[PDB]
Amino acid sequence: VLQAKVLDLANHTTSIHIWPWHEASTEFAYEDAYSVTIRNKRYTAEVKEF
Amino acid sequence: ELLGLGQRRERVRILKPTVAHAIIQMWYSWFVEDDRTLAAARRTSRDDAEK
Numbered sequence: 560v561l562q563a564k565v566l567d568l569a570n571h572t573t574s575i576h577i578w579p580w581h582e583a584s585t586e587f588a589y590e591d592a593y594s595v596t597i598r599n600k601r602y603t604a605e606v607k608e609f
Numbered sequence: 610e611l612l613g614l615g616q617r618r619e620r621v622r623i624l625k626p627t628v629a630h631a632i633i634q635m636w637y638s639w640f641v642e643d644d645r646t647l648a649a650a651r652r653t654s655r656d657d658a659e660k
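Going line by line, the protein sequences match chains B and B'. A prime marks a further copy of an entry chain.
Per the entry's author numbering, the very first residue in the first sequence carries number 560; after that it's consecutive.
Per the entry's author numbering, the very first residue in the second sequence carries number 610; after that it's consecutive.
Just so you know, these hints were derived from the structure itself, not from any lab.
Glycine included, C-beta positions come from ideal geometry on N, C-alpha and C.
Misleading hints may appear alongside valid ones.
[Unchecked claim] Residues from chain B' that keep clear of chain B, each with C-beta distances beyond 10 Å, as calculated:
(1) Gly615
(2) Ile633
(3) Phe640
(4) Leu647
(5) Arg655
(6) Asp656
[Unchecked claim] Using C-beta positions, here's what the derived DEER-type ranges look like:
(7) B':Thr653 - B:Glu608: 57 to 65 Å
(8) B:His581 - B':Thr653: 53 to 61 Å
(9) B:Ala569 - B':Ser654: 40 to 48 Å
(10) B:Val565 - B':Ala648: 26 to 34 Å
(11) B':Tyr637 - B:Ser594: 41 to 49 Å
(12) B':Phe640 - B:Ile597: 25 to 33 Å
(13) B':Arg651 - B:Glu608: 54 to 62 Å
(14) B:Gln562 - B':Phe640: 56 to 64 Å
(15) B:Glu608 - B':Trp639: 47 to 55 Å
(16) B:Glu586 - B':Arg651: 16 to 24 Å
(17) B:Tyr602 - B':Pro626: 32 to 40 Å
(18) B:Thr596 - B':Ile632: 39 to 47 Å
(19) B':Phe640 - B:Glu608: 18 to 26 Å
(20) B':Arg651 - B:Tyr602: 16 to 24 Å
The shape of chain B in the complex, shown without the other chains:
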């Protein structure tokens, strides 16, 4: 499956400096939610990531 080893962190990271990273990183924001209306009554929630 030609496996797939994909590079990773510097672990021994201790000084060192990336190079293109920012792109290479994403914030985890996130929007959206999670709700249901049952009965007629809406029950409601979000996402609230942390």
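Please build the complex by placing chain B' on the supplied structure of chain B, with the hints as guidance.
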């Protein structure tokens, strides 16, 4: 021919099959309500889940 040999005619009469008619219809009858009644309830569904 479903019955095997020939051949259909006025004669050959058969004694009745009563019991079962009484029964059958029962089975039968039931469903009927149920869909029906259900359907409506299915309609009316004030909430989702139930439906």
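Taking the hints in turn, this is what the structure says about them:
1. The claim that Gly615 (chain B') is not at the interface with chain B holds, since no C-beta of that chain comes within 10 Å of its own (minimum 66 Å).
2. For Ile633 (chain B'), the shortest C-beta to C-beta distance to chain B comes to about 41 Å, beyond the 10 Å cut-off, and the non-interface label holds.
3. At the 10 Å boundary, the C-beta of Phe640 (chain B') stays outside the reach of chain B, the nearest C-beta of that chain being 29 Å off.
4. Residue placement check: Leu647 (chain B') keeps its beta carbon more than 10 Å from all beta carbons of chain B (closest about 20 Å).
5. Not every Cβ of chain B is farther than 10 Å from the Cβ of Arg655 (chain B'); the closest lies at roughly 6 Å, contradicting the non-interface assignment.
6. Its closest Cβ contact with chain B, about 4 Å, brings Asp656 (chain B') to no more than 10 Å, contrary to its assignment away from the interface.
7. Checked against the given bound of 57 to 65 Å, the beta carbons of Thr653 (chain B') and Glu608 (chain B), roughly 39 Å apart, lie outside it.
8. A beta carbon spacing of about 56 Å between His581 (chain B) and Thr653 (chain B') agrees with the range 53 to 61 Å that was offered as a hint.
9. Distance hint for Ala569 (chain B) and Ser654 (chain B'): a CB-CB separation of about 57 Å, inconsistent with the stated range 40 to 48 Å.
10. Between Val565 (chain B) and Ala648 (chain B') the C-beta distance comes to about 55 Å, which lies outside the given range of 26 to 34 Å.
11. Taken as a hint, the range 41 to 49 Å holds for the pair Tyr637 (chain B') and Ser594 (chain B), whose Cβ atoms sit roughly 44 Å apart.
12. Separation of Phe640 (chain B') from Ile597 (chain B) is about 29 Å and conforms to the stated range, judged on CB atoms against 25 to 33 Å.
13. For the hinted restraint 54 to 62 Å between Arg651 (chain B') and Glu608 (chain B), the CB-CB distance of approximately 38 Å leaves it violated.
14. The supplied range of 56 to 64 Å is met by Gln562 (chain B) and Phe640 (chain B'), whose beta-carbon atoms lie about 57 Å from each other.
15. Remark: the range hint 47 to 55 Å for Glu608 (chain B) to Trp639 (chain B') is upheld by a beta-carbon distance near 52 Å.
16. Distance hint check for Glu586 (chain B) and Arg651 (chain B'): the Cβ-Cβ separation is about 46 Å, which falls outside the suggested range of 16 to 24 Å.
17. The supplied range of 32 to 40 Å is broken by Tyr602 (chain B) and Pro626 (chain B'), whose beta-carbon atoms lie about 57 Å from each other.
18. For the hinted restraint 39 to 47 Å between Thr596 (chain B) and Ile632 (chain B'), the CB-CB distance of approximately 45 Å keeps it satisfied.
19. At roughly 50 Å, the beta-carbon separation of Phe640 (chain B') and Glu608 (chain B) lies outside the given 18 to 26 Å, and the hint is violated.
20. Separation of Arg651 (chain B') from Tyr602 (chain B) is about 22 Å and conforms to the stated range, judged on CB atoms against 16 to 24 Å.
Figure legend: structure checked against the earlier numbered hints; hints not met, in rising order: 5, 6, 7, 9, 10, 13, 16, 17, 19.
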